[PDB]
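Single chain ahead, written as structure tokens, the form solved without the ligand.
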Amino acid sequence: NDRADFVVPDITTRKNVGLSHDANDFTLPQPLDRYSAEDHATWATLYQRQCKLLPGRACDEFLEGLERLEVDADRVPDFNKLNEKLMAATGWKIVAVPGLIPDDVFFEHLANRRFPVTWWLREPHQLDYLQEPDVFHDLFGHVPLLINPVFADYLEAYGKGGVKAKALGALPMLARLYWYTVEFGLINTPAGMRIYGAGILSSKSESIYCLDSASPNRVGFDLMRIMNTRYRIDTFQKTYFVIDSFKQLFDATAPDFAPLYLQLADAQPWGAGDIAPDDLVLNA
């Protein structure tokens, strides 16, 4: 709009009217009075649809975590109550945030075993991986995996490294690492390829596509390749990275990343659909 810019408000803005958030850490008390009977039914529908698709697809740790933490199947979970179990089982807790938050705020939470969860739920007509993460993507997609202590330690170390990053170019590199592991990672298991990425596990379409399709590349995890690989947000992934164990992912954070950012700082990144000379790729 020329000069008098009227725009479509995003869902984050509409849902948070009248609500405040901490100026420093972006947290707020979860607004339980804001979920309508309709939102509880949307949660229940999403949860049930994913639980029929996950067998043979989600890694075993994810399934066990959903069982052990008893994530509510029938309504949006009460964060405080879930935290009673999550803290005792893993040392982590979730904190409510309004929607997207600055990277530095996000790293500081992970570094301190706090996983930020957008509190609001998508509306009825927006059932598959919309614009902006919501409570189902954030809570259902990430929280169960924290039950694996190695994956929880990976996230804590990932956060600590983000807190420390200063080199220009470090942020896009860390964003690609997070996207191709925590959001869209696959893991090879004795029983076949399985999924551990939150952006996949909370999405009906991604859950099916990542293990069924011939078009995408499935490449073995390689830290430096991933930090130098672009990703697209509004379409199915063109490459998925596969780990062999959560220990391999954790061990990847062992080195201090400072020298790695400098090494990649002037590199042209790989396209999201490219295959690099040093990749090991899934056979067929």
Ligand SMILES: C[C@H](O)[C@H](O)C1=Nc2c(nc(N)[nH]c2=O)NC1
The other form holds:
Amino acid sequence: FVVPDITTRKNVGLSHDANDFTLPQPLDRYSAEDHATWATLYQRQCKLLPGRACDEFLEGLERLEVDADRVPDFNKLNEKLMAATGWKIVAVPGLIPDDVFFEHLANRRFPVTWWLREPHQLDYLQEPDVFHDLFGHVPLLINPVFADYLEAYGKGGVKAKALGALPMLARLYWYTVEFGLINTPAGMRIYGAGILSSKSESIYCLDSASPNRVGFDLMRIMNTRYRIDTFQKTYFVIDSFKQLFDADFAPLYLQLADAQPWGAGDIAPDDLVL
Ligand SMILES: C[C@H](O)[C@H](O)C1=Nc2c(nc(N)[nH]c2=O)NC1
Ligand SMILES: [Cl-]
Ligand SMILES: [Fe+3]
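Next block: the form solved in complex with the ligand, after the form solved without the ligand:
Up next: the whole complex, starting with the chain shown before.
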């Protein structure tokens, strides 16, 4: 007998596709309380991100008109997202298998957990919810180079076979799409979704002496461990989304397969550090 997780409780009486894990967005299951939780999260993040989020993120939020006051209707959002970027969101019950995830990204589908966090649980979150996925991840698709990066990432994941590739690709996604920073002429800014949807990470990642801030390096990153239950110990910094995009992985998985991974707090001899 155990504490059910929120994914299980939210999805009772609900089905999902056996192959691709999608379902129609269950609009009737958001409460008044949920729409208030959404508005509170949205308003809080939008006061923190001036000076912090990269310009492209802020542009996406505006161009997509992500709702400020209610959990968005995914079909309505998709009208704008498809026209502007060629991508669509699909509702998923929560975390889905890695192979299923890659197949969606490879086909310009972004999986979004449909349910929302409960009020006393507005942060420290580990599992995605609809605020993290829709507010954190989706707006950055307005940058076509980042969108193409995500599609390419997915196609690479579909193709990956070598033992050890899945952790390597998870680390790459984590230190870019979830927790990446970008150097800009106006100063260091944020692009990672796990930062942008979090009050605490948004502040910490640009205002703390403890973590390392390391220039992006693909092979380094694929061989670096990460932690889920704490603030990050290293952030990787890109100079441009083109650098990310410009980054066949098959020989790379083999080069790194027997390698000892770097710890989440380590500095490697070839790193460039801030
Ligand atoms: C990307 C890496 O494989 C990571 O373990 C995954 N992230 C996600 C996932 N599933 C969902 N719904 N969202 C994610 O962000 N499964 C796979
Ligand atoms: Cl491979
Ligand atoms: Fe995420």
